[PDB]
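Encoded as structure tokens, the following chain is the form deposited without this ligand, with no partner shown.
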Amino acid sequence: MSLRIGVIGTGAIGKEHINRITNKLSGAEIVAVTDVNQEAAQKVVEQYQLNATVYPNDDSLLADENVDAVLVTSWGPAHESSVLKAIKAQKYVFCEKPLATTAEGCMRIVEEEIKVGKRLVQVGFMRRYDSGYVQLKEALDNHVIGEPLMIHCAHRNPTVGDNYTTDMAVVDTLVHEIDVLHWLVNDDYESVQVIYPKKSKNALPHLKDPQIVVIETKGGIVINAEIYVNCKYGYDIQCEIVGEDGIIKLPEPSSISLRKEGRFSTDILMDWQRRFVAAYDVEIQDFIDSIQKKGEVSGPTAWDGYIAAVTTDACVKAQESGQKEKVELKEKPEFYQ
């Protein structure tokens, strides 16, 4: 008997989560949907031949007792509300990033979840499910390189839109690195600093691209993260961890090699959407399996969402002050360990 899932927000990402739950994964189905654009939701239900109730809003959908879990995939600033509602409604919630657009909004969600007494919230930081990052994790966990000391990483995007603005590099783009890194090395951030190199000809005048973000943890690990969203050549994620006795590095995505016209080459992905498809599948399949096999969620926690939110705020501060900002976290409530 399948997990019955209500989706709040039926845009490009909600539609993709609906397609995988419906045609790829196992153990769940979509029974309810709601969208700010109620017409758009109706089209979705028809597009994917769903057996779903179309509601006017999220309270209606959460009111429906036949639904046991929700996917929060609405406009970013809209997330905090639905998450809060679903928690008090005591449903299982998978929330796409961000958990909330402010550190406060995350704190409210943390405080609420601690009441309900168990893990209901899983945040959509999918990198933790990528086979590469999983391997890095296993290696560190087995002490293969001794104590981590430094981390170098890059998040490169071929080109962004006119809409894309300087702060979005940290709040949208760097946010994945921010979650996965502290998860990898089991350490909390302490300071951040932003350094702007010469502008790139490919960046529009209103955008500061590229950027370099330096982040120290409490234990003293030093991270320097390169963000270049108009790098032109492709979509590219790189991550090298330098330990005491060795170095481990994230793999390139699999590609056939080619010998032709003077070059020995492999492919580089252009579309960000193809880089992590496997991690999304595994991320959602786990949300399901975990509930039906543990009566709770297992992925990135509400607390992690808070950490992301705080560190993000610090980065945006550093962005505009050119200073070394501090990352001040509240104590980790034992509820999350």
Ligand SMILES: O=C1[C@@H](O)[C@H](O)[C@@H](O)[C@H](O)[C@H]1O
Contents of the next structure:
There are 4 protein chains.
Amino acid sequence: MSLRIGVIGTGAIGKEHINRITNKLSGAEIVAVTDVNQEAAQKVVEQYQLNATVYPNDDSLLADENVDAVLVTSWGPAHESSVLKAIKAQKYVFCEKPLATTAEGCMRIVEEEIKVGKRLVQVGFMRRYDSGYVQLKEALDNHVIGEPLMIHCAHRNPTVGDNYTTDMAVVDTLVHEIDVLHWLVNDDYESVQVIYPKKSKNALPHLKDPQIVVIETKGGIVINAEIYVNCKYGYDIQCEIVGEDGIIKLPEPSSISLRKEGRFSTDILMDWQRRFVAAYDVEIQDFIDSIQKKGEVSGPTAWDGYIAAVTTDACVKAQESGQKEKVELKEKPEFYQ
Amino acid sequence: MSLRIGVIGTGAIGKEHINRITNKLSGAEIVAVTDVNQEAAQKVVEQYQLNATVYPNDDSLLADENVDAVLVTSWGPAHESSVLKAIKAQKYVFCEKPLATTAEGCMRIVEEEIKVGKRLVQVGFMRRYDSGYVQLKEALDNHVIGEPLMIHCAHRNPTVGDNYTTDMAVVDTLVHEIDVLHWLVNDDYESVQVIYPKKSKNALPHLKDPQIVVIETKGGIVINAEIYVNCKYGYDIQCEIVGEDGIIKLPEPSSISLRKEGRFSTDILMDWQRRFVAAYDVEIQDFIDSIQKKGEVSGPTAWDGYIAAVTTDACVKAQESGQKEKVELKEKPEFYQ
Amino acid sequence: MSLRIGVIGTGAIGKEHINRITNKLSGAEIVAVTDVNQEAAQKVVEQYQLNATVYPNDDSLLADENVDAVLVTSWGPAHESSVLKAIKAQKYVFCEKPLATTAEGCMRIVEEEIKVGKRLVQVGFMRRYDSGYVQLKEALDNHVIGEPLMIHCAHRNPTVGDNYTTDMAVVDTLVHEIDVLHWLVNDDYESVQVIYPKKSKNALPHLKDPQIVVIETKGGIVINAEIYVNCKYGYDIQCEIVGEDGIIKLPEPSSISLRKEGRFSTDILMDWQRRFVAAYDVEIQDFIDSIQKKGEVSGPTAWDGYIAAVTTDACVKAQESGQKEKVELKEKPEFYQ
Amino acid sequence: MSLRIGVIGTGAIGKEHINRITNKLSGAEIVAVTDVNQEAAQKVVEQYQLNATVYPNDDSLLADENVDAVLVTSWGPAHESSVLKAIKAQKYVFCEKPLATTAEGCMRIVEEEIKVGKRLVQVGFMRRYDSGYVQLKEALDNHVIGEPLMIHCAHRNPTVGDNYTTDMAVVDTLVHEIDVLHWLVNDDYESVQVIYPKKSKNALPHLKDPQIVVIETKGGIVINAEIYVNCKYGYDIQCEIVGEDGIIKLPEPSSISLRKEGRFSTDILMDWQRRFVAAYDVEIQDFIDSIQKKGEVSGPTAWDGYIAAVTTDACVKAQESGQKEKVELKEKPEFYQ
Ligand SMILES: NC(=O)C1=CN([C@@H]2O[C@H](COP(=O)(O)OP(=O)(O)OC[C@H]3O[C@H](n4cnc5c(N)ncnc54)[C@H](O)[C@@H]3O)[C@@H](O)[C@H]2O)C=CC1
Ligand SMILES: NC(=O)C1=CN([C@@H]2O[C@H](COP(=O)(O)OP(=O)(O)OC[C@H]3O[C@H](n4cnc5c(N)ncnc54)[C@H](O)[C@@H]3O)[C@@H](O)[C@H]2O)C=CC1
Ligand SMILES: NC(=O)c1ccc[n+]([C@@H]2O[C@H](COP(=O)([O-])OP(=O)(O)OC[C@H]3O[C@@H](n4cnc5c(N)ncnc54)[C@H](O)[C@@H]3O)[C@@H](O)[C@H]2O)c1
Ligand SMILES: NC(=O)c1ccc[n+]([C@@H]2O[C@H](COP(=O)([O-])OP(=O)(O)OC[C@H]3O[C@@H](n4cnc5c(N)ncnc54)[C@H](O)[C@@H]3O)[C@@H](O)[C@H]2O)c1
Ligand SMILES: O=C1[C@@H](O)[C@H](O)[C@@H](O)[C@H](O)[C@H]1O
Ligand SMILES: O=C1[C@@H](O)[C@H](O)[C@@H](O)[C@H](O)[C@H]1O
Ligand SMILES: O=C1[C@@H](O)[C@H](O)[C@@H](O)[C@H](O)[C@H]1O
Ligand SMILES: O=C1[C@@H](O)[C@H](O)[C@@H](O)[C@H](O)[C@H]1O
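Alternative state: the form solved in complex with this ligand, after the form deposited without this ligand:
Up next: the whole complex, starting with the chain shown before.
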């Protein structure tokens, strides 16, 4: 008897999920969708031969009782609203970043969940399910390299749309690191600070590319995170964790080596879609399996999403001040941990 | 409406499949099993909370009509018998290597299939579904390195059981290469030959380890294939294809690099189970999806399995003669291709 | 007819040079030494079967006319004095870092050289002669990766003496980067800034280890330079230059790969002495050959050394202020370039 | 007081040596040359401002007493004659491969040396002085990977001259491996055998390219050695030694990594001249230093050269017979070891 899932946001990424759940994963089906382009959602449903209802809005869909869990995978700002609803409707919710565009927005969502007694919110920070990132977790948890001291890492795009704005860097993009980093080291972010290098020819003038973001944790770990979205050569995520006694570092994507025309190369991906495809599959399957066999979700908590929002805040603050902004994080509710 | 699958052979590897199909893959369920330790099969069924019938034998199970496809995943020699049956019962069959322990055995199976009009037999040579091996396929199909000329490759075990016999090398072990190699280059094996290096201390005396196997194709491609199952350091599969104008080579398994105590290392797997887990998942999902949306299976053909058997023959022949045995392959039936 | 060289400073490093010049290089001999442990100097002349005079001081030695060039390779602070002398004595001088312990000290040395009409001072920043660092230079000079934007690099020791002080990091250690970096990118250092991560267990408490040093150039290039001298695992120099369209990165020292006990490793050096041995050989040979066939020295200029001193200043300033210190560099005299 | 060296053979390679000795190495000078294009030799003495005599032949030059050691670096076949002479003239001789074009030719040279009481012959197999090959030696000598069992290695040219003949492969080319391999493992070659893969488009029809050469040692070690001189992509030497418990493998030449246009590459050399430049320098310096401080040469012995010749024989034999030729090696004279 499978888990019945409603998808709010029949967009590109919601479509990818509907697809994996329908044709790749196990133990769940899509019985309900609503888009804001109601027609788009109706086209999706035929596209993937679903047996699902098409609601005009989230309320209508959250109403429905043959649906016990929802994907919030719509336009970013409309997330918060949909989530709080689903929490009160006492259905399970998986929410693609952002959790809520604003920190307080996130906060409201936390408070709701602490009421409804259990863990219904999982945030879609898939990096935690990537095999490389997991091996990193595993190593640290094993003390392999002793006390973590600094972290060097980079997040690079070949290019971006004209739509890409100097803040999206720390908002849309650096957000995954912001989650995964503290996840790994199990520390909280004390301060952030931003430094702008010589703007790049491959970037449009209304955009500050690259950027560097230094971040300190409570413990004393220092992170420098390159973000460069017009690097032209490829899409490439890099993370090296220097420890007291050793260094561990994230792998490249698997690739066949080539010897030709003077060079000994491996392949670099050009399409962010490819880098994490398996992390998504694992992430979602975990939502499912986790629910059916535990009555609560498991991955990145509602809290973890708040931590993101605050920190993104401190970042855009530092973006404008070029000054060492503080990151004021609220009490971590006993509820969590 | 999902595909209903019967498993003949509730052993370790049949269990792994029952597990992935039940808890990992999409669009299929297990509705029928039979082991030869009838009790084992009954224990499996409870283990994985199945809703399946437990038959005393394959016949009983092939009888059943709520089953439209079967996994032959039992003890190696009992494969052939189960398969021919399932072909006449006009159900779909996925068969873990071997197809049939003897070449002619394979031949009977081919002839049956050519009668029953379509493609119901898929052989479990999962390497073809490994991402690395696929990139290799892709490159060649693209002529990247021009005409393939030689192949160097190795198949290494940390150790083996006391049960491991000097022929199992070319029978149980080198079989995957034997499939994947010709698959890649799209050529047939002309001759084989075996050379025994200085026997290894890590090997028991009743066993000849390592061994080298040279193989020529019709076209003129030369392959040398190390096989060494007591290499002590790990489990490691390596394949490099030298071409007219370039070289491509299989990747290592993804791994975090480490800098510690004087060395800059990556991880090597110790457990053959891990190396290919994802190839299995993909392989089986392909059986399923392929069936439901095409009315025929897709992967390694019944023919491809025969090719294996013949070639394993020529190998054990060369094993005893240390002489350049010929590989006499029969007409490839138009049926295939 | 070979170049006749006087060595002031018959210490460990001066000895290494006397050795390479006598038994490794071409076209020069040692005809004069002076130490401050006058006896230590006698012992050497014996050690290496020299045919050289032993002066009581630099003046005595600079007096001598059968000597046309000198190595200043004595205790750090005693450098300045010896060099100014040799400039007025109109002999050629190769000076191991530091040029002068203080910036002004360096300045006096520049002014002297601009008088004496030509180039007699070469500073021993050997990194510029390392084959890897040279390939980097070459690439950039060829625009391979377009406009350089950021640089990530690290300088790591296994451990240090009790003698090692929190400033030595930027004074003795980071100095090589400080030279090579701007050498490479052909830009001047605008600001520096220092950030102290969580002090390391492997470091004595009177010492701040690791440290991070951010540096901006006039042009807009940003550098973050890890310095960590108690990293325990090895001695390791790393440098990655991110450009507009590409990334180039310094190589590891050549090493045989090993597959054993679960890991696939390369070697890491433990002994800073080994990392650059060939850069020294090249560096010195270039002093020699450059002199005999050009009447002037070639490598890192007296100026380049001053640039170091100022920048080391700004660093120790930032060390104490944890504030973004400015680096005020004087006019670059036409003399140079 | 330096070593006085006569060069017989003022050709391209003899010139390279004259150059390194004059302008790179330590403790030796060139005081005597003879070519067969007597004029070519005059031009050289000028080219390199030597202070040397120009003899009309080797006899004239071996006569001379201000010369205590000679480079035999002339046309291949003329080697033997020049060497036997120099042995009787009781001068030291360094001889670039071949030692003698024929095995017996080598034999005569051995017998002469055993008479004249000591070691005066060093054969120019520079691979033994390459830093990578040395690390390999070192590892094995340390048992790191236990008993060596198989060796995979390859010797690849981008292309060759029209002058290149199907035997030159095993005669001019594979000769370095033939020396270094047995050097490393300290075993003698029992049999050889040759296998011709599908001839390559990049090769002229009068030439069989690639070739594979299998070789067994007395002990039981098996080697397969690819030789492919029209591989188009670069010049590349590769050697992997599989052992009882581990695998060690020769490094790539040092190179800066690049990230650009979708690929993550290192450089591959195109010019055999570059691959070993430092091994030559070391090799020759060792001849010098070894002589002056030991009264005998050190590197690859006259014997080692004979071993080459015999084995080259067995190879060209196998080249024509495509049959497993034997390698009949004579008693190793106590003289050696
Ligand atoms: N391209 C990228 O790199 C990444 C994109 N994403 C995420 O995907 C989400 C949106 O982008 P895409 O799905 O790729 O394209 P998209 O912008 O087309 O998705 C937004 C969709 O949801 C919308 N929507 C918002 N609230 C709704 C509501 N209450 N009811 C119905 N529809 C609603 C629209 O219907 C729209 O089609 C965002 O969370 C974004 O951050 C995820 C990872 C990275
Ligand atoms: N360990 C290894 O490296 C590999 C093992 N395998 C394959 O797995 C198969 C068997 O090994 P495992 O499953 O791992 O262990 P296993 O030997 O326990 O599996 C054999 C099972 O099927 C048997 N059997 C044979 N014919 C039967 C029939 N008609 N009805 C009921 N039962 C029958 C037994 O019941 C037995 O439990 C073979 O095909 C083997 O080649 C696959 C890849 C590699
Ligand atoms: N550029 C480089 O790669 C490099 C490398 C090593 C050292 N150095 C610098 O050079 C210095 C020397 O290092 P070392 O390893 O020889 O140390 P060491 O302890 O082995 O000896 C230093 C020597 O210099 C002598 N000395 C001091 N002042 C002198 C003077 N005015 N005249 C003649 N001799 C004098 C001492 O008697 C001593 O023998 C250090 O301070 C160091 O910072 C630079
Ligand atoms: N061991 C190595 O790494 C190595 C490297 C290069 C060449 N070699 C061998 O050495 C040989 C020389 O190569 P090269 O590059 O100088 O060729 P090259 O064409 O540039 O010149 C060969 C020279 O040897 C001279 N010569 C021939 N016989 C002579 C004799 N009896 N006495 C004096 N001079 C004589 C010729 O006049 C000519 O100048 C080749 O046959 C080659 O196989 C060995
Ligand atoms: O968060 C993400 C997106 O915003 C961004 O567009 C992708 O390029 C990133 O790699 C992904 O992690
Ligand atoms: O075929 C196989 C098994 O027989 C063998 O036992 C495994 O070690 C191999 O790697 C696998 O490919
Ligand atoms: O000059 C230096 C030393 O003082 C220091 O000890 C080493 O770490 C540096 O590598 C070297 O370049
Ligand atoms: O002696 C040799 C040459 O004849 C040949 O051309 C090169 O391929 C080899 O690398 C070199 O060792």
